[PDB]
Amino acid sequence: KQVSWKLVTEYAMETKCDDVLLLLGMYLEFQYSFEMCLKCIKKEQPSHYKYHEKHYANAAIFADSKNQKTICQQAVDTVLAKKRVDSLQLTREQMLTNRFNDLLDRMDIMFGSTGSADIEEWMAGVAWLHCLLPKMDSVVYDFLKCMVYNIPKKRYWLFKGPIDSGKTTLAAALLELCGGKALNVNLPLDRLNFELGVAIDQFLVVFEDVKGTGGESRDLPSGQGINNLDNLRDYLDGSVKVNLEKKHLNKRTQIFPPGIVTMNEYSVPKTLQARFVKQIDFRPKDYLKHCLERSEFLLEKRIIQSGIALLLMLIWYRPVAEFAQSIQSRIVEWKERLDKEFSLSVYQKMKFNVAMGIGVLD
Amino acid sequence: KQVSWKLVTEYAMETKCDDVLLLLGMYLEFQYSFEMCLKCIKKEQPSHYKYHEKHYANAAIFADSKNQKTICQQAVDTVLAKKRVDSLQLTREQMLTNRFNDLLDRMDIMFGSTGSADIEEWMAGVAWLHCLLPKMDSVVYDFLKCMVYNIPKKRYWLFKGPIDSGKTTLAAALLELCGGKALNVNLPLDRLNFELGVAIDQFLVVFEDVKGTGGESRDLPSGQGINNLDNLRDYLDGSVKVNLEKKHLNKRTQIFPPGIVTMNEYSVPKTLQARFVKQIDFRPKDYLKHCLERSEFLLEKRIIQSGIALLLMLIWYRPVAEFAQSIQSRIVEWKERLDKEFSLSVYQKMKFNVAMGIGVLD
Amino acid sequence: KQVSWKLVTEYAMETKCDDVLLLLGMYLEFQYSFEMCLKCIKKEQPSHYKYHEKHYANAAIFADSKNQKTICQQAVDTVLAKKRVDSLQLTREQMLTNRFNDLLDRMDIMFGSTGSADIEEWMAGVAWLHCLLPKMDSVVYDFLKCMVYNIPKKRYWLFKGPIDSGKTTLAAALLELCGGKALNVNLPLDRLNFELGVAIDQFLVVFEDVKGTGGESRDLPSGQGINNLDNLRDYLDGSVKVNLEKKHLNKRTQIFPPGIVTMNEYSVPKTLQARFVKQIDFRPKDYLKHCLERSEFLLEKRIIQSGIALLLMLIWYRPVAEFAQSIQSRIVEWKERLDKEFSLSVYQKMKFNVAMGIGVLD
Amino acid sequence: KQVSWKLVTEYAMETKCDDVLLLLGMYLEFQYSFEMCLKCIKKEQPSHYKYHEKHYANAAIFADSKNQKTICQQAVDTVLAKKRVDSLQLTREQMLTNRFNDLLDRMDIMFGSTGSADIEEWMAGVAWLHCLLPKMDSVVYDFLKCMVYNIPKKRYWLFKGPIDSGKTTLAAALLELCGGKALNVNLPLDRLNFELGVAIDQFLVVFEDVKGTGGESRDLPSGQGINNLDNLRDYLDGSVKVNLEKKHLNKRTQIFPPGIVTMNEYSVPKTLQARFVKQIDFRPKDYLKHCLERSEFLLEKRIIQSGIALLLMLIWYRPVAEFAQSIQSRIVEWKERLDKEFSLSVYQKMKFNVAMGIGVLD
Amino acid sequence: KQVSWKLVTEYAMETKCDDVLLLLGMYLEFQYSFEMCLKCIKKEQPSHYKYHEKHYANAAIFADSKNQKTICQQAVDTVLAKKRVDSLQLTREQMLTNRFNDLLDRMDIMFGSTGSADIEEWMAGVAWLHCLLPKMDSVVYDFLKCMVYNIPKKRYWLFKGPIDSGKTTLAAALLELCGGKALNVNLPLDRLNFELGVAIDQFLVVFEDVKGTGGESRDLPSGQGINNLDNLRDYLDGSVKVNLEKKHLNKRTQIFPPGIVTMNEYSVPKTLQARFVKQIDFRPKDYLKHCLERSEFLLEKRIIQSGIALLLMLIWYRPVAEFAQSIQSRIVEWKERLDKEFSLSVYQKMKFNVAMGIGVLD
DNA sequence: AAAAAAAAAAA
DNA sequence: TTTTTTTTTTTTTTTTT
Ligand SMILES: Nc1ncnc2c1ncn2[C@@H]1O[C@H](COP(=O)(O)OP(=O)(O)OP(=O)(O)O)[C@@H](O)[C@H]1O
Ligand SMILES: Nc1ncnc2c1ncn2[C@@H]1O[C@H](COP(=O)(O)OP(=O)(O)OP(=O)(O)O)[C@@H](O)[C@H]1O
Ligand SMILES: Nc1ncnc2c1ncn2[C@@H]1O[C@H](COP(=O)(O)OP(=O)(O)OP(=O)(O)O)[C@@H](O)[C@H]1O
Ligand SMILES: Nc1ncnc2c1ncn2[C@@H]1O[C@H](COP(=O)(O)OP(=O)(O)OP(=O)(O)O)[C@@H](O)[C@H]1O
Ligand SMILES: Nc1ncnc2c1ncn2[C@@H]1O[C@H](COP(=O)(O)OP(=O)(O)OP(=O)(O)O)[C@@H](O)[C@H]1O
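Residue numbers (UniProt numbering), protein chains in the order written: chain U, 266 to 627; chain D, 266 to 627; chain R, 266 to 627; chain B, 266 to 627; chain X, 266 to 627.
It is possible that some hints are incorrect.
Since copy identity is lost for identical chains, a pair holds within one copy or between any two.
The list that follows gives simulated cross-link-like pairs (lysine-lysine, DSS-like), each with its CA atoms no further than 30 Å apart [to be verified]:
1) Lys600 <-> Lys512
2) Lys566 <-> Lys512
3) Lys319 <-> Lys304
4) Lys616 <-> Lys605
It should be emphasised that the hints constitute simulated quantities derived from the structure, not laboratory data.
Assemble the whole structure, with the sequences as input and the hints as a guide.
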């Protein structure tokens with residue numbers, strides 16, 4: 266009997282693999298009988314233990330086949346095809362709603378009885394993040410609206426300030442929340458073509474620690490980054506479609522994604538300053554440093570850097586009426602859950618600990 | 266039964282798909298049964314609900330197939346072949362007529378009973394654009410006729426002015442109205458070969474935001490853009506054919522399109538400036554900014570950069586004797602529809618609102 | 266009868282061949298008869314004598330085949346697919362535990378009755394290394410813990426001091442222990458992209474002898490390294506996924522590996538110094554030099570740089586509970602072996618010899 | 266039945282088509298019944314209406330085939346192969362016989378169709394150039410034959426005069442007649458090699474504005490051009506093959522092209538002056554400068570520079586024996602158009618008005 | 266019958282062809298009949314006359330085939346696969362042992378009845394070389410041992426002396442004996458990386474004529490070479506692995522080869538002087554110069570540059586037991602042959618003739 | 001030289 | 001047509017700066 270290419274494509278769709286080697290590796294695990302399969306018995310990874318019993322019969326035939334990489338290539342192109350259809354046909358609010366659904370699915374596993382996480386650690390993260398900026402939850406909500414409306418020349422935000430002020434921490438959390446890529450523009454202009462091509466079909470991009478000039482009077486080293494962004498200011502505008510490039514592929518014509526620029530305090534030419542809607546000045550705070558020294562699990566487990574921490578901040582602080590109607594059902598259920606496992610008394614205690622520089626937990 | 270490759274080519278020719286991945290994604294949607302299709306009963310996108318009933322029988326067989334990307338590649342090449350036949354065999358006025366017939370079909374769907382658009386916002390769009398330049402509708406009509414004549418050495422218009430002047434918004438509207446591509450020529454000369462290859466078979470080219478050198482006392486950072494256009498001199502003149510390149514596909518020899526060049530107030534070489542037939546100078550106007558702040562629905566729905574807004578300007582201001590003969594009858598239909606919806610007193614009120622800097626629609 | 270592609274994939278998986286030409290070369294050795302096989306009689310290389318009996322039948326058929334490279338290519342992709350699945354799905358503890366199992370398998374070959382090595386010469390290396398830094402085994406243990414936890418911005422160590430001070434000796438030993446690669450960031454900036462591409466899917470990276478400007482009055486050469494390294498701030502941090510490239514391959518998005526910087530006495534920017542957790546000052550001290558003049562065998566056999574010397578140092582000095590539970594069984598068998606053919610009275614005499622500056626062995 | 270690839274190859278050779286997508290598109294037009302065919306009945310394009318009836322049967326079978334691009338690329342290779350067989354065996358007079366047919370096909374755009382500027386002001390262009398130099402039309406034919414014979418040492422012509430001498434206009438006109446390219450030799454010696462390498466595989470060259478040594482006493486800006494060109498004697502004389510370099514490519518060996526040198530009244534060194542066959546002085550004429558002030562369309566429709574006007578001069582004045590046997594019929598077929606449209610008196614009026622310093626009248 | 270791919274793979278392995286076109290050319294010569302074959306009768310090339318008789322039948326069928334390049338590709342792959350297995354698994358002693366009996370095969374052909382080499386002239390070369398340095402055969406034997414043992418920091422030699430002293434003569438002879446390649450480190454430091462990439466998988470490298478910077482007052486040109494070697498400390502020392510780069514190929518990691526540095530009477534920094542295990546001083550000698558004038562055949566046949574002359578020197582002067590056991594029997598046969606053709610009185614007469622310049626063979 | 005996809009052989 | 005099998009060519013990288 267022959268291999269069903271359909272069953273492989275169906276597995277790739279359910280798991281969202283866009284890598285041929287990953288898909289080949291995963292599917293070849295299903296050769297062995299599930300009756301004795303140690304990974305299924307341990308329940309270590311969901312993309313194995315859910316699917317092995319369904320795919321065992323087909324994977325045994327697949328391991329005898331001669332054209333295995335061709336089968337996987339067709340499946341990966343099917344996933345990339347759906348991804349491109351969805352980029353052209355969905356509204357940006359639906360794309361964000363789909364992303365929140367994915368995060369909530371991961372939260373159900375992570376805080377379920379098979380999961381590792383304790384919510385007290387994650388909500389201690391919410392408390393630490395809310396101390397970072399005045400009205401943090403309003404800032405996060407204002408950012409989400411800005412990325413959904415995608416208004417020409419009113420698209421990009423600037424994070425500015427000295428070393429260890431939290432720019433990258435908040436930027437990385439917002440990048441996971443929305444889904445997107447970080448780009449390095451400090452490289453010289455010639456190979457910048459293939460860097461920018463990483464942005465194809467992405468929802469956000471972040472430009473990380475762009476270097477300027479003249480900062481040597483403050484002991485900041487010079488570089489090409491700000492000069493390079495001046496050359497790309499039609500990509501920042503978003504009024505008109507730009508041409509984006511991958512090695513050995515022809516150019517994709519699309520409007521470039523919105524997002525965040527992170528900077529140390531170099532001077533910004535007025536031509537770029539005209540592209541930025543809002544500047545957030547980060548400043549370092551002594552009590553936040555003292556707190557992370559006592560509560561190091563926040564850095565080991567990457568809690569303050571996670572999008573799930575910012576999603577929990579939104580679930581806690583925002584009215585239900587600010588979410589899309591499809592997910593309001595799931596978010597009322599998650600508010601009910603958080604209302605059991607916390608009280609305002611525990612959360613206010615956590616905030617008071619952080620302002621004193623004490624450990625978050627007690 | 267076997268797959269019909271002809272049916273896939275019919276779907277692709279009816280939909281005008283240039284992308285193999287997009288065509289694959291859309292045709293795979295048809296594998297699910299028509300009797301229950303949620304997108305057919307909600308009528309989300311016409312490229313689905315018009316065609317799914319016809320194609321369900323064939324898409325079931327296509328989903329089992331091993332050749333899927335090869336089938337789509339031949340369908341995409343059939344559509345690209347038609348574009349090359351039409352580009353060489355049609356007159357430029359017939360091409361512009363075909364562009365307007367597609368824009369008007371889009372307007373019929375957009376302002377129909379199924380439509381979402383509100384025409385008062387779009388005619389406020391016309392009013393805002395008419396304030397941007399004196400005798401705007403004559404500037405638009407001169408451009409359209411200039412691009413249809415395409416006389417060698419008199420093919421390019423220069424848009425010049427400071428950091429916020431409206432030059433990009435007007436170029437973007439003309440680009441949708443005429444069709445074309447925007448190109449970035451601030452990058453080094455080496456990789457421009459594949460950038461210029463995007464101009465193959467197009468009607469217009471827009472060279473956006475060409476950086477100059479000197480004028481630095483204005484606080485404009487310098488760059489290679491103007492030096493690159495001092496090269497490429499024969500592409501602008503168009504008195505000769507050029508070779509255009511794209512990856513793996515064989516190169517094509519054609520006369521390069523006409524276009525628009527936008528730049529901030531850099532000093533321009535005389536050898537370049539000799540090749541532009543017209544300069545339009547753009548000035549900041551304080552009242553236009555106050556107007557958009559109070560009427561931001563114009564930016565959210567991208568009305569002031571849409572080609573449809575310039576076509577509605579042309580329908581309103583120009584006589585039917587200035588349009589082509591085949592399109593007369595539907596322009597007569599639209600021009601009566603517009604006089605039925607708007608009293609001239611409403612348009613006069615709108616234009617007075619914009620000059621007064623109050624919100625339009627107030 | 267026809268060639269089994271399954272047996273070739275099995276041999277490649279057992280041997281871990283990810284080079285197509287090496288696999289082809291190895292497998293074509295099996296076409297000759299097992300009985301007369303001089304390599305099975307001498308027992309030189311284990312990759313031959315363990316497997317020839319099993320694969321003889323299939324290798325004879327493979328030698329008559331017309332598509333030998335197509336067969337080998339699939340096997341090499343199967344091995345790379347396992348490697349990419351393991352990178353995405355294993356914990357860093359498991360990765361390190363697997364690496365220790367591989368080194369212990371090597372040690373069983375080196376010190377078994379077919380092997381060439383003498384345990385007392387390797388153990389002299391441990392004594393010389395334990396004299397290089399104070400509390401050396403705590404330093405090696407702290408490093409492994411740091412590389413496993415991979416805490417953001419707290420994950421690089423700096424080795425700093427004069428020339429001939431032991432930096433690259435120790436760094437090379439740590440590199441073989443953890444597995445990873447050494448990078449030269451002193452290159453010109455446009456070569457630097459492919460130099461950073463060496464790090465893809467590695468556990469550890471080491472930056473060898475980075476040079477700066479200034480300090481030239483100390484007779485230090487000048488160089489670009491520190492300037493380049495300060496463009497790469499976000500690669501060191503590990504907060505976001507960087508985009509890594511190889512020649513002719515599309516960009517891989519992943520978190521950059523942690524590791525070590527080795528440096529002469531330049532000054533360093535605060536932007537970089539904020540990214541190092543620990544600075545270890547290496548000082549030259551002449552008893553170690555006079556020792557190595559007299560105990561030359563340490564240099565000649567490469568014992569002093571090898572990771573197996575550090576692993577032996579961890580087995581001699583650390584409690585058994587500090588190793589992962591799967592490997593504790595082998596480590597107590599090795600502690601028994603070392604206590605049986607080596608003694609504490611010998612070890613303190615070896616260390617006394619090194620401190621006295623005299624040849625280590627009796 | 267099955268597709269005849271030979272019939273497709275015959276169509277490609279009869280239409281002389283060397284684009285694979287263009288061939289695919291035009292051949293797919295033949296799949297419809299010729300009894301009904303609107304493009305035939307409208308007689309729009311010869312590449313359709315002649316061939317449809319013959320190719321209809323094959324085109325219907327071709328539309329069902331799965332390998333359509335394979336069929337078309339064999340046919341395009343057949344046309345490219347014929348072109349290379351001819352080109353490698355081409356005499357230099359057959360090269361010019363080909364070059365002027367392309368310019369004639371461009372003039373057949375103003376023949377019998379409104380798609381062009383009015384010829385009456387282009388004959389004023391013929392007249393105005395015939396007033397620039399004594400016996401202008403004989404200068405053109407002597408120059409043409411000089412370039413066709415390629416006689417060593419007898420190959421370069423020198424044009425001298427101040428600003429506003431017309432030398433650049435006639436240099437442009439002669440260049441655009443013949444299809445060479447223009448080179449700049451004012452560069453420092455380090456850069457000349459890539460400038461000279463532009464001349465590869467090319468019919469003519471022009472050297473523009475070679476700035477001399479000294480000349481400030483005539484208010485002429487000094488440069489290296491004359492001094493450089495004196496060093497290029499082996500390129501100018503044309504007896505031996507020079508090696509020429511394009512950027513990134515390997516060298517080619519050929520005999521360097523003939524053509525034109527243009528100068529202000531700098532001093533020409535005797536060693537360089539001996540290499541020019543003929544010096545033509547251009548001198549400013551006040552009556553021409555008044556005429557062109559009174560007849561702006563000469564410059565603003567680019568009549569005087571466009572080298573097509575020099576063929577339009579050769580058309581009328583010159584005998585029939587002065588043209589090759591394969592185009593003698595085609596010129597007299599063209600020439601009777603002007604014999605019907607014009608008279609000696611109106612051309613004498615054109616000349617007279619120019620000589621009087623007024624625009625053409627009556 | 267049908268082509269045996271196995272017989273072609275044998276021929277490629279026996280000839281060691283890693284070039285597909287060379288193999289294709291060689292194998293197609295075998296289609297013509299053996300009985301009449303002029304190349305076999307004249308015995309011009311051993312790669313033909315040995316094998317033609319065996320392969321005639323397969324070559325006749327191969328000449329009719331359609332797959333000819335694919336058969337040759339697989340055969341070339343088989344040869345390259347063996348080279349990589351041998352590179353990764355052989356001891357350095359087996360590598361040199363294989364290189365010697367490869368040279369003994371060349372010696373057999375040269376000095377056989379079919380050959381063209383006069384052993385009296387080659388033995389005169391051995392005499393002239395033995396007079397170049399004191400204890401020459403021990404110098405050569407010590408060098409071989411040093412390169413085989415590859416002991417870190419005891420693995421580079423320095424050759425120093427005036428121009429025309431014999432340095433590249435001896436260095437070139439040692440390269441042919443061991444195998445290896447020459448390197449030019451006088452390039453600027455940013456062009457050096459592809460030059461160092463020549464060393465990949467080589468047994469030796471020679472640094473040819475490194476120039477110093479000071480000492481110009483002795484008429485010695487200034488250059489970068491020794492300053493570049495000071496920077497490459499870690500490549501020479503050989504304790505740790507380095508990354509090496511070929512054009513278009515990914516970086517490979519290995520311990521850089523041992524070798525020779527050759528220089529004029531430049532000043533050496535003391536840091537570099539400590540990296541050489543030995544320094545050999547070459548001084549011009551008049552009697553060798555006057556001998557070479559009378560014994561010109563040494564230069565004209567390139568005898569004194571060749572590795573075969575050094576191998577004849579080791580065969581003549583060294584005891585049998587210090588060659589590897591596989592080659593001892595072949596060297597005993599060669600010792601018998603040489604003692605048959607030469608007595609000690611003839612050889613000491615040749616040394617006596619050199620020492621006073623009368624001319625070796627008199 | 002490797003990757004994307006084409007192009008062909010035998011039942 | 002189906003399955004198994006064989007083949008092409010270019011871009012990128014280098015070169016250039
Ligand atoms: N506002 C803050 N005040 C004090 N310490 C902070 C603050 N934000 C972050 N930290 C600490 O500093 C570490 C680094 O933070 P982060 O990298 O986000 O800063 P950054 O301002 O973006 O830095 P850089 O300019 O180096 O990119 C965090 O892991 C945390 O321990
Ligand atoms: N004439 C104008 N006066 C004042 N504000 C203007 C004017 N035209 C446009 N604006 C404002 O400037 C914004 C940007 O307009 P636009 O993109 O056309 O500017 P531009 O001059 O082309 O810019 P750039 O020089 O950056 O390419 C608009 O969205 C609007 O808010
Ligand atoms: N602490 C030390 N004191 C004295 N000699 C030392 C010391 N450590 C190493 N050595 C000697 O110095 C030699 C070189 O050591 P090593 O390569 O580790 O130096 P390094 O300073 O780290 O080098 P680099 O900066 O060039 O990588 C060793 O082989 C040993 O002989
Ligand atoms: N004989 C003439 N007398 C006066 N004016 C002339 C004459 N011929 C041409 N002109 C006008 O003078 C202009 C400048 O001359 P032209 O274009 O030939 O450049 P040029 O004389 O080579 O000068 P430059 O060295 O400045 O480029 C022409 O374009 C035309 O308008
Ligand atoms: N010791 C010597 N004394 C005199 N003449 C010599 C001696 N060795 C070589 N010769 C002659 O000098 C020529 C040049 O020798 P060789 O190529 O070795 O020169 P080198 O100056 O030492 O090398 P390099 O140019 O690489 O530094 C030889 O071909 C030979 O004719």
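Okay, which hints does this one fail, numbers in order? Of the numbered hints given earlier, those the structure breaks are 1, 2, listed in rising order.
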